[PDB]
Structure formats: structure tokens, C-alpha cells
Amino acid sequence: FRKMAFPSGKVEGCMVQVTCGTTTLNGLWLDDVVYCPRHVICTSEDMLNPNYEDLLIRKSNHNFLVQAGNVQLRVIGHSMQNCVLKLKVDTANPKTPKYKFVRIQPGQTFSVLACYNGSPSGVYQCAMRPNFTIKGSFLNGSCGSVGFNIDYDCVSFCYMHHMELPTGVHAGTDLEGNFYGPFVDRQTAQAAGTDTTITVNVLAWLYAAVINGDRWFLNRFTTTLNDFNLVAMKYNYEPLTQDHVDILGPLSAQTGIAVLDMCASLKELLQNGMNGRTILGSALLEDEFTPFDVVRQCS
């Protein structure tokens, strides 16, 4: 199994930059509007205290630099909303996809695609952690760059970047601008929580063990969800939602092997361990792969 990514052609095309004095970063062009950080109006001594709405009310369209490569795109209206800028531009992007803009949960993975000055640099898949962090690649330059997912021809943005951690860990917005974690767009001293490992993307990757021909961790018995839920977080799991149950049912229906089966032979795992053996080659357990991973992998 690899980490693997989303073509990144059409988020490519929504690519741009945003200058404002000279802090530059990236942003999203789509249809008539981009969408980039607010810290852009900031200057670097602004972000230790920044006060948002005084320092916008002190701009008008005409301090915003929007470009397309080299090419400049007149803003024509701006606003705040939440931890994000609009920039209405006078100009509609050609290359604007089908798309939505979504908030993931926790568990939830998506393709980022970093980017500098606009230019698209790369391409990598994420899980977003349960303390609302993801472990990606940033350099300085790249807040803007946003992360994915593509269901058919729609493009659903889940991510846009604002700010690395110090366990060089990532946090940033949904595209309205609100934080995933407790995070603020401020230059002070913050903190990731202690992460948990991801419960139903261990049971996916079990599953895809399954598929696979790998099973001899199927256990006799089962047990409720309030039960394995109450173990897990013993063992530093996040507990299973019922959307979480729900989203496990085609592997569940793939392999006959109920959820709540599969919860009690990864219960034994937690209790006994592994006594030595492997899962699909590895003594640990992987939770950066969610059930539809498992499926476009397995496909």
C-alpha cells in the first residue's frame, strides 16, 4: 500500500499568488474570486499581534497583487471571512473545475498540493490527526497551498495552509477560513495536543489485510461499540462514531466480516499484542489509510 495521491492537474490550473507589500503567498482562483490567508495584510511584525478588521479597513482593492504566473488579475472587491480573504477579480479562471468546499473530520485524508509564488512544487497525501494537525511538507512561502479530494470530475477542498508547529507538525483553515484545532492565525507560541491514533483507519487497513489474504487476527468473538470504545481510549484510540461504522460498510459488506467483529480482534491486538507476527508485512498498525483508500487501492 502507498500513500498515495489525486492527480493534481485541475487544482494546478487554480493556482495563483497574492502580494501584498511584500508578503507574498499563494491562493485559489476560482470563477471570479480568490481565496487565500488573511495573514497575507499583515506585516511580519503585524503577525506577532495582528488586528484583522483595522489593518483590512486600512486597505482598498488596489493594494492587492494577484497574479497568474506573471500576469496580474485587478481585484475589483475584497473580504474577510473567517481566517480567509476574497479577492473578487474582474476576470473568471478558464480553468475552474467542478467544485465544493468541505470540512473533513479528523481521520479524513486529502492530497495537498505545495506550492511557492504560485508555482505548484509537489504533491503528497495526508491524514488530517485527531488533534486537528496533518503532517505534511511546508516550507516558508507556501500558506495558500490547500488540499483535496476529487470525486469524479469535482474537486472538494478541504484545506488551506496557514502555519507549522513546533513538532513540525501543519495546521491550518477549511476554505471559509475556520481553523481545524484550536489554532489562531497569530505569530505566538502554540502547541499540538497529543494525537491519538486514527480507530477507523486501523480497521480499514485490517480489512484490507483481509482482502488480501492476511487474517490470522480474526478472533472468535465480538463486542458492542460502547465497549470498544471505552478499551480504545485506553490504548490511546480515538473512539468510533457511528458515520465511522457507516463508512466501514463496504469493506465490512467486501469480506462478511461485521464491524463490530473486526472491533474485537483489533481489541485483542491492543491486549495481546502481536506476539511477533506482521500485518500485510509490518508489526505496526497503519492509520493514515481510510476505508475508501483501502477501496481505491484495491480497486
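Residue numbers count along the first chain shown, from 1. Compared with the form deposited in another entry:
- For the motion between these two forms, the hinge, where fit shifts from one rigid part to the other, lands on 195 out of 214, 124, 195, 127.
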Given for the second form:
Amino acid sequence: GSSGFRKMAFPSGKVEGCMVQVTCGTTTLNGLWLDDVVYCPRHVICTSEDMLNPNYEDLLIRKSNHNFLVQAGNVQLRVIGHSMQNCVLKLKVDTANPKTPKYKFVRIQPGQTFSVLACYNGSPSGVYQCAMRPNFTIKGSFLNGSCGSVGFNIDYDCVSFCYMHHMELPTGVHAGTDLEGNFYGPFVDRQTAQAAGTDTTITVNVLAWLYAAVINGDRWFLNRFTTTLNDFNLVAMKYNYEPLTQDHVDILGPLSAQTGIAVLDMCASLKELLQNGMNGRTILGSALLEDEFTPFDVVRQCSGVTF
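Okay, that is the form deposited in one PDB entry; can I get the form deposited in another entry now?
One chain, no partners, no other molecules: that is all that follows.
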């Protein structure tokens, strides 16, 4: 009686049509072409020596428009101006992208998810979902050449770009900026020592995923008990889970509504899973508790929202 539930990326076509390559000197990375501007990481202008201690304002003014080779597929775009907004370069080009989607630049919050279109040399290679971790990193898959790849959501009729890729930390997690060029987290676009802080599990998302399991007929873990927010948080603190807040209880409301299971009842089921384990069983195919689905991700998938 169960039904499937998968980590599902947004369809990527609207974003694929915006990916270009930007080459400055010997460095090539990806850019995002919206109307008559290409957005890309400003470190395209740096040599390996520059990256050790970059003076970005000085390095940018030393570049000419001709120093930027921008290619959309096999068509060379001509740069007519270059400016900087925080860590993002804006290259004004003399032609407008005819496939520009309705778009917004948004800054997401920790715990929220987005789709990544991983690209190399301006060409898309794959698509997958990520969550902004509480420590402001993402668990992605990015090789050399992926800088400038973007993360996005599709919100009704609009592509909301929220992430542009910049770096891989020594623990194999990833960091980047919003499309205004401001890093998520305390990271900087230079080759200086930086490390991911300690991470925690996104409790509200684990609860949303447990609701997804119930909605999809995989409900072996439900118990007959209920708890309070404070009592649940006493347990959350012992297992490196984020404290559950009232705002989180509120955003779980729609899933509580559809199942008839109150949030604090599901908290009691989660408490038993943390304290006693998974009993040699899976939930939606997983042997661990999944924390990279938001409540809205569950609603979107269970309702078949299209774009």
C-alpha cells in the first residue's frame, strides 16, 4: 500500500538556457546569462598567485572588456562593461539572452533546499537537490571547473536563483554566495585557511520526511504517544539535532493537517527512533533519518506540482 518518494530536483531546462562560459586569461568557469548581463564568480580574474591574496578592486580595473571571453554554446558574446557586486562579477554584454526566464535573486535560510545545476565549461552535466546546512555549507558534488554553477528553486512562474558555487572545503563540503555575491557563512573567495564549522541535523526537515513516509504508506514507526516541545528538545540536544521552535511546528502544519497526526505526536515517534534506533528497518528506503526535505518539498512532491 506504499508509494514512492524520492529526492527530486527541479526540471533544469530554464536554467540550462542561461549557462555560459567565461574565460579570463587561462581561467575558465561558468556564468549565468540573464538579459544583457552575465553573472559569474569574480575570481575568474585571478591567477593562482592572485588567489593567495587577491586585491579584487585592483585586479578588476586592470582587466579590459576584451580580457573576458564569454561563449554561449558556440556563439561568442561581446563584453561591453565589467563591474563587481561583492563576490560576483557582472559582465554587461551587447546581446540579450532570448531564453531569460522570469527570475529573482533570493537569499535562502539554513535548512532550506534548492536544486544545483552542475556545469563545466558552460555546459550542464547534472542536477541534484541540496540543503543549506546549519553551518552554511552544502553537501554537493563539484569538481574543478564547476565554479559559477548555480542553485535555484522554481516558485510558481519564476526561477529564484539562490546559490553560485565558489569552493570546496577540506572536508569535502561546498560553499558559495547568493547572486548578490554575499557568501553564505563566514567564507571568503581566497586561498586562505577556512573550515566548515560543526554541523547539526535539521530537525524540522526530519519531521517533514517522517510525514512524507506516513503520507506514502510507510508508517511502522508511529507510536501512540505524544510529548511537549521542551521534552522533545531535551532529547534533540543529546543527538545533535537543532532545537525545534514554534515557527518549525507552524511550518509542519500542512503535513499535520493531511495526516491528522499532530506535530508533537510525530515528535514522540522521532524521540523513540533516536533513543532506540531503526529496529533493522528502513523508512522510505533509508537506514538513517533524512534531513534534506523541507515541509514544502513534501507538499510539492505529494501534490505533483509542475512548472
